[PDB]
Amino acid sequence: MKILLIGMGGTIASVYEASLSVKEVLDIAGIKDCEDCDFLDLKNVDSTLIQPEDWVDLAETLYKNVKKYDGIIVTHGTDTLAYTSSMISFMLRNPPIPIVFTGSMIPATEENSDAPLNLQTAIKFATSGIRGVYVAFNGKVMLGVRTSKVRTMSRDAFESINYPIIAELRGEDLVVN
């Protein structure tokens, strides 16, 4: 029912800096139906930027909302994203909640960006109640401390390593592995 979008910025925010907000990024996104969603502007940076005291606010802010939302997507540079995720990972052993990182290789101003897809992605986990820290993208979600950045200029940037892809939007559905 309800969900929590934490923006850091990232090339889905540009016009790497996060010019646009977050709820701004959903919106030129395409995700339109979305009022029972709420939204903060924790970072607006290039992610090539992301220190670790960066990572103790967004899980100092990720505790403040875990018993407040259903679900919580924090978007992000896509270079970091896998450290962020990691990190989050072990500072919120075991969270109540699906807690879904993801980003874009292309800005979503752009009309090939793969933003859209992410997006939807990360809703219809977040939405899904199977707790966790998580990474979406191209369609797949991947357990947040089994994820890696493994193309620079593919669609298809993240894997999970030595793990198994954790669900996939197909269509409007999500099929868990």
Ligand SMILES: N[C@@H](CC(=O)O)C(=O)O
Given for the second form:
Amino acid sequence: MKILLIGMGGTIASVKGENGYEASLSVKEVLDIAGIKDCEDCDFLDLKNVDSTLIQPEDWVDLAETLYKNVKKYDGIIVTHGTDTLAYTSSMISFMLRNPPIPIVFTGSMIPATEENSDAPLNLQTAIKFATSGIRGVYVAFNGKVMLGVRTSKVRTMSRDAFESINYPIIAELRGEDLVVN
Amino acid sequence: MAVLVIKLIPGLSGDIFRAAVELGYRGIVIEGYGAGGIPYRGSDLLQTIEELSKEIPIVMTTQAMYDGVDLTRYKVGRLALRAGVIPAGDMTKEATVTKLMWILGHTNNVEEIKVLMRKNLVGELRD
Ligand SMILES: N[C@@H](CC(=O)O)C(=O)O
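What's the form deposited with this ligand bound like, now that we've got the form deposited without this ligand?
What follows is the whole complex; the chain from before opens it.
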């Protein structure tokens, strides 16, 4: 029923203005530009709005605390993040937030939700579908797959299928409106 | 919580590892070749590690993307074990480094840090 959406920034939130300058959308706007109608009874919470390259270890302590104070209040959490360090964060959170009572799903995109053929809609739709499953823990949703967050690495830099589960089966893969086990 | 991750290349020396420990780095990850190991000739690397391994955690992972590490597979690996190197097993590189940082965040007992890196905490490792 009840989903919390925490924003950290990244390419998913990106918008280039008419000038060298770079602007960021809030997590609420991302969802709406991605064209997500489903998400209902969904809250938003914008922790950061940076390129994930800037992430420091202190940023993780912030995120951990926030998550630890929301895990009882929600059935599912989604965290949108830049792809550059997405897997660093998901791994670290898995260690910090030892035993999560709910699914916590990290996602992002290689193409800003702004543009056409963005992978944002698929990623978010996937994250949300898994945030509402029964399955507690830390995960990455990307290119239609759900992967254990502490077994995920960025494997490609200029390509939709950017993340893989390493030496560990995919938790679930999308197949229409159905999340299939592995 | 300061960790240095250095990629093994042919002829690399232990020089920069002494420097890191002097600089206050509390942990070091080495990205080895294949299933893992250390050169026993061509550099002071192995002696440098046999030295610093007892003082700070020294972790070995693989430069390759899939299949992870096994220091029992080769003599080059076995030597690295004898020198006190902690294997990363089948952990991702992201898991290996964050796991280390998190452990160093509340302990410095190399020997303890070592049993921890070899234990499956959250589903990150086959132990
Ligand atoms: N440099 C970007 C890349 C991305 O999000 O795709 C970031 O990680 O914030």
